[PDB]
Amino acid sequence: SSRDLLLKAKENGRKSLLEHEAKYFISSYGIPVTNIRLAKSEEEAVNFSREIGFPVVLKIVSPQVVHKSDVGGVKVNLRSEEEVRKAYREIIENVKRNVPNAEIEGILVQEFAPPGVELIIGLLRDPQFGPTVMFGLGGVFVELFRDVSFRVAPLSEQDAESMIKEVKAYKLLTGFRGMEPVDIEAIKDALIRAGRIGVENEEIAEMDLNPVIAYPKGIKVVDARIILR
C-alpha cells in the first residue's frame, strides 16, 4: 500500500516525504508525475536515464537539503549518457562542501519536463472546513498576485471546473500568443484526486504540487511536497 510511505516516514520521525516518495504517493492516486528513478550509484543514474529517456534531471535526495539549488544539488537538461555522469559527480561533490554531513538517500533521476503552462495545485487543512484544495497559475500569478481559487473537499466535477474558471489568469489555459490551449479536463481530474488525497489521508498536513505543467494533452507534476501531522 502507498500508505506504507506515510507510515515509514512517521516511524522514522520525519515531518515530510522526500521528493521521490511524494511523487510515488501522488502517482498512486492517478495524478501524473515526472517519470522517476532513485539512483544509488552514478552507474544506476545512467541506466535509469536510458530507461526514462533523455534529457534527464538530476537532484540530490536528502532530509538535510531542502534547497537543492543553493547547495549545487540540481542539474537540469542532461542530454546524454555522460552529461549525467559528470553532473552526478558535480552534485555529489558539491553537496559535501556546502553541507558535508548530509545523509544521501541517493540522487534522483528525473524526466525533463518540457515547457508549457505552469500550474499550482495545493491542499491545506482549514480549521472550519477541513481539507481544502487550492488552484492557481504558476510563477508570479500565485506567488506575487495571489490569484488563487479554493474548494472544500471532496471536489465534484462542478467544483473543479468552476474553480479553474474562477482564477484571473484563466485565459492562460485557453490559448494565447505562442501557446495552444491546455488539457482542462486533465487539470480538473488532478484537482479532484488531490481533494481525495486530503480527505482520505488524515496524516497529511498539506500538499503542494508545484510546479505542475499543463500541455495540450495531459499534465505532469514536476515537483511535489507533502507535509505530515
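If you superpose the two forms and keep the largest set of C-alpha atoms that fall within 1.5 Å, you have the rigid core. Numbering follows the first chain given and starts at 1. First, how it differs from the form deposited in another entry.
Here the rigid core is superposed between these two forms, and of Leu119, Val84, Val133, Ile107 the C-alpha of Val84 is the only one to shift by 2 Å or more.
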Given for the second form:
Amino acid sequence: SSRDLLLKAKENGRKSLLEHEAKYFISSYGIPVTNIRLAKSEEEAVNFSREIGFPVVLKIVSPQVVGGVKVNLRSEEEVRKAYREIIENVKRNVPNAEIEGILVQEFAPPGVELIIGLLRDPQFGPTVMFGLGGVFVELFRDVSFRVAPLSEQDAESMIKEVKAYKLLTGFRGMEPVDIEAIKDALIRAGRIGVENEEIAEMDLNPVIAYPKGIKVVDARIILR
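Compare with the form deposited in one PDB entry: the form deposited in another entry:
Partners and other molecules have been left off, which leaves just the chain.
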C-alpha cells in the first residue's frame, strides 16, 4: 500500500514524488527520515507544527517547481507570519502552480552530511551510490558504487572505498558516526531499487550522520 504513492503519481501524469510523499515512501522501507507533514493551510500547518514539535521549517510543495524556504518558527502564534510570506513571496516572484501545500518540516541537528543514490545502469540494473555530502561529490566526485541487492559486505566496503571515509571515523570537532546505520540505509536503498521497477532514480541528499543513527533530510524520487 506504500505503492499507492507511486500509483497515484503515475495516474496524475507526474514523473516524480512530492517531497513529503518521497519521505513517507523511504520511511516505509525502514530508512530514518526527519519527521514532516504537509500544510493544507496556516491553521492546519500551525497545528501540524504544534503536532510534530518545534522548531519547525516551511518550504513549498507543488508539482509545479526561488525564495520558498523559511527557518526556525518557535511559537504557534508566531508561525502565522512565515506561511503568508511564502504564498506572498511566491506570487510576486512566480505566478502559476497547483499548490498541494507548504511542507511543515522537523528541524535536523548539524552533523556529517552524506549522499546515498540509486540509479539504473543499462548493464547491471539498479545500482547504489555512496559518498560524503558537500564538495566531496558535487566537486571532487568522490563516490563509490555497488550493484544491488547489497550484502552487508558490499555496504561496509563501499563506505570505506571513498577517499573522504575518514570524515566518518572522527576528526577535529566531530566524533565518529554510526557506520552500522549507514550500512543499513545503503542496503534498504538497494532493496527499493530492486523491488520497484517504476523508480528510475533516487537521491537521498542531504543525509545526516550522527554518533547514533542517521536522518534523511531531503529525498528525491524520479519515476518512469
